[PDB]
Amino acid sequence: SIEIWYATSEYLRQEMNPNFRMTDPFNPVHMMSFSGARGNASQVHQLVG
Amino acid sequence: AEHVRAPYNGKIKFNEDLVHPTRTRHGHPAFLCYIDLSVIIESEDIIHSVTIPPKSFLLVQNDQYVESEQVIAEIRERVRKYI
Amino acid sequence: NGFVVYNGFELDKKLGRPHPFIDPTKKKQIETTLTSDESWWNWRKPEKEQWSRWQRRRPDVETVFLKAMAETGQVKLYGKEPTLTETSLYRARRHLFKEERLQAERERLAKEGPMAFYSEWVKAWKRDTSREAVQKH
Amino acid sequence: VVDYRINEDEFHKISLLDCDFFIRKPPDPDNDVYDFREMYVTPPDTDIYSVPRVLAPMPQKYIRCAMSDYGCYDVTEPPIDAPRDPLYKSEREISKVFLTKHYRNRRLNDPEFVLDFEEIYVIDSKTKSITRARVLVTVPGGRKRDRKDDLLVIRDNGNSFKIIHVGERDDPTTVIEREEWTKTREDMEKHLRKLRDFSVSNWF
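Chains as they are written, first to last, in my numbering: chain R, 1 to 49; chain A, 1 to 83; chain C, 1 to 137; chain P, 1 to 204.
Since the hints were derived computationally from the structure, they do not count as laboratory data. Hints are not guaranteed to be accurate.
[To be verified] No more than 30 Å apart at the CA atoms, straight line, and that leaves these computed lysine-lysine pairs for DSBU-like: (1) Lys123(C) with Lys136(C); (2) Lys80(C) with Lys11(A); (3) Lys162(P) with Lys13(C); (4) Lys194(P) with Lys80(C).
Let's have the full structure, built from the sequences with the hints guiding it.
What follows is the structure, given as structure tokens:
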């Protein structure tokens, strides 16, 4: 139970950025963190993953 | 520990005689791989091949159907538990 | 010498017109797989369907808009309900279709005239709004 | 490798990224006359001459040719050590040199001067070799046509040579957009292929 749900959680974070890069490059969440302005991938994963 | 995931929907094709049966830490039957095993996924359009590195657990069986992004292989204190 | 020489699918795919991702003619089935009698217990399809709380597809703007543009014929999908791949593709390319709709509205305004165009939002106006009728008036 | 030092005053010194190419130069006021019988290749700024590798038949008679280089720009940001060190450095990395024969060896000052695009010789820096271009002609007329109306298109790292009418010239915007569309279409197909409903999905 621990490892199957950790692997699923980690896979969502890996695919979070390519999903933003190819389908919604100008998404406000992506731009707020890809530009290095405020927030990192881990915090965005807590919101969308 | 990194997980190999199926890149396409298809039929898993590999020979089970080149792998050694084992039992995962999750209690599942699996195949231990110690060689450069080649696994074939017969997808909808083109037959695809996936390379499984050695010292890895192969969690699928031959002729099994797999979905995309589905884990097919896994590469790689004292606590008291009460029942 | 020999250095100077004088002289459906596969076209929709080249032009970018709506087409299946996989050519139906160049498509094969996935044969026959394990029938749960030659499979381990952990890889067997459960006898009864299991309640999931994820059994319904999540609604979004992309599905509604893709269905609308499939109704109007702007795009055509593989089936009646757009898939998640088609939803992602629409999310990637959604500005072009809106620009096409806006350009079509601009052309309609230029062709019909302000009286015919803006009478859609004036329902109390019962007179003829055609350019010819405006000229007669 | 030869055992003598040639005289560079009678040679066409063509300098590339990986080598310096030498072609014997018959005297001429224009200095556009080339003699391909004698040729030498050296490492850049070196007098150790060697016979270049030839991949195609070479001319035997003197031919007037126009030289045009092929390559990229290397705009780098060098590290700043001393005060007022340059913020950028731009240099021209020439990797190919095309020698296009003048039509009937006509001079540049000739009012009837046109370029013969069926006679192009390619000098490669990476392989230190010289080859003749595989030219493909689409303009109607065949051997006998008006050379004033043809246009040459070079693609595929200086390997594809095609002759088209000047009327069907392609806009630079069109070329850039074609490349971008092709690459992005393949990238999008690769990204979407990993979804499990991709086989029952449409492009649009």
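Structure-based check of each hint:
no. : hint                     : result
1   : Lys123(C) with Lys136(C) : holds, 22 Å
2   : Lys80(C) with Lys11(A)   : holds, 28 Å
3   : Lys162(P) with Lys13(C)  : holds, 26 Å
4   : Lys194(P) with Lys80(C)  : holds, 22 Å
The structure agrees with every numbered hint stated previously.
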